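Take these sequences, add in the hints, and give me the full structure.
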Amino acid sequence: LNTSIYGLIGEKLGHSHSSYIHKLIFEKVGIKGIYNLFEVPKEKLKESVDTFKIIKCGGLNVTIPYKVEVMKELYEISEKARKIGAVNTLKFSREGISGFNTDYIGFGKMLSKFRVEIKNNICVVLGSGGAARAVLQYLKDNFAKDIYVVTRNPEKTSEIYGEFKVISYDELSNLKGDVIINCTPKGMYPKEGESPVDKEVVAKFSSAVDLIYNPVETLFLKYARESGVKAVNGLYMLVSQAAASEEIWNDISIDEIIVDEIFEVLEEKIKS
Amino acid sequence: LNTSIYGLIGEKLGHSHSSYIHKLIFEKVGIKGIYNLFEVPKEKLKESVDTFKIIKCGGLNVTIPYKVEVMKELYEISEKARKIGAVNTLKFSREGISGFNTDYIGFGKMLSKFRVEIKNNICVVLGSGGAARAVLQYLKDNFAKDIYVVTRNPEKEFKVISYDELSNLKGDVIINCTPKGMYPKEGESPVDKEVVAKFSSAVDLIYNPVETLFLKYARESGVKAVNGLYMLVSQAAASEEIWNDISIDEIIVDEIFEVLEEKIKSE
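Keeping their order, the protein sequence lines are chains A and B.
Here the authors' numbering = 1-based position in the first sequence + 95.
Numbering (the authors' numbering) for the second sequence: 96 to 251, 258 to 368.
Zero decoy hints are in this set.
Computed Cβ-Cβ distance ranges for the label pairs, DEER-style:
| id | chain 1 | residue 1 | chain 2 | residue 2 | range |
| --- | --- | --- | --- | --- | --- |
| 1 | B | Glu258 | A | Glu122 | 49 to 57 Å |
| 2 | A | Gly224 | B | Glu362 | 52 to 60 Å |
| 3 | A | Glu312 | B | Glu122 | 37 to 45 Å |
| 4 | B | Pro160 | A | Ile159 | 35 to 43 Å |
The set of hints was computed from the structure by calculation and includes no laboratory data.
Just so you know, even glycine gets a beta-carbon here, dropped at the ideal spot from N, CA and C.
So this is what it looks like as structure tokens:
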């Protein structure tokens, strides 16, 4: 009896709370499996993916720089991932490899779980990389009043996201709204003592969402604390995105109950 | 922290008691890994091993039909593997894949374990496929007096002969490397009891069943009968020592031997 092999592929990979998460899920749902980080150089993405399909890989997450490039390899891609323009989850089957995006699903679980409403609210996104693509598709799918994308490079970014209001950090300081979301790397190692915005900016919103989960409170989120703004870090998203991958790989459903439990465990492990 | 991925590469693979052997080794020595059976089609050998290299595979055993073909992809090969002409073990390092033969080591560990002397004795090998290659290298390395290889068809280094000629012969060690005696050939023996009786040790590389018809003939004729189970457990361990650059005590090998021995019979 073979052990199912699952993992994450990226070009260079560091430590990750995701693996531990997957391994907890395998125990809880009774899957005999491992989840490894696989470093794969750019010129070899296609050949490695072919071998994964050959050894019957149980399922792969994909990160940078392969979320778009990997799409070349898939015989099919979900509607959501197509729209988002990036795949972070690969399902292997008889036909070959198909693609999904479970950042979108994770982000939605996080808003529900802390009850952050979106529909009819004014939503502000900080940064245009990392998970901004999936977060912007979600906000729009859910009928935000308006969506701002705030960038260090307004000329570049507004070519990229033409249907959203793109603005500079300067312009943001004149804006008031409901929900403000950090999609930038400020606040996480090695930029941990930084915030993407000032507290006076944070103070004009009624919910602050950081997709960073370590540290569990970024400067950005402290700021939100001090100002009376509901604060959410990205731990629930990480745990939900991993549950959702496993759902698609193993064609199962994972109880919300398994998710909070993994969440509580990881939250402690991270704060320690 | 990653689990090290080990296993076996070949084209078409049955179940193997090998994967359970490697798991036991992992547990008894304290290694975190898994050992899978990996089915690779011929056109994908190069690509597959190149991928394993990239994902830092902890090491691979190689079976039919790649023991010869895999040798193209190696940067070094032990001189024993090179003499035998076959690689069944692959070691991955930063410099590349390195090739060994642990069927040789395992056959040697099995004969020492059961005290089957080779020096200056007449040795007959039945079948000129399977690991007939490593067995034959080992007999020569250990100064057999003579070596015969018996084949269904001599027209298809040592003396080669038909079964018809084997029946005029008395020797010391008789070794089965044919698939006769193992499913689906359980009801049969590559040779007659009357032949087996003319030897003083009978070794079957087959380990399931744990007593083939050939070995029953040997038991009944007062001939030392040895099945291939100890060799299969020793080859796994020798592989693990190579991949993990460790030493594994004979005690462990002896422990897994007994487990598999009971499991095989149950079946």
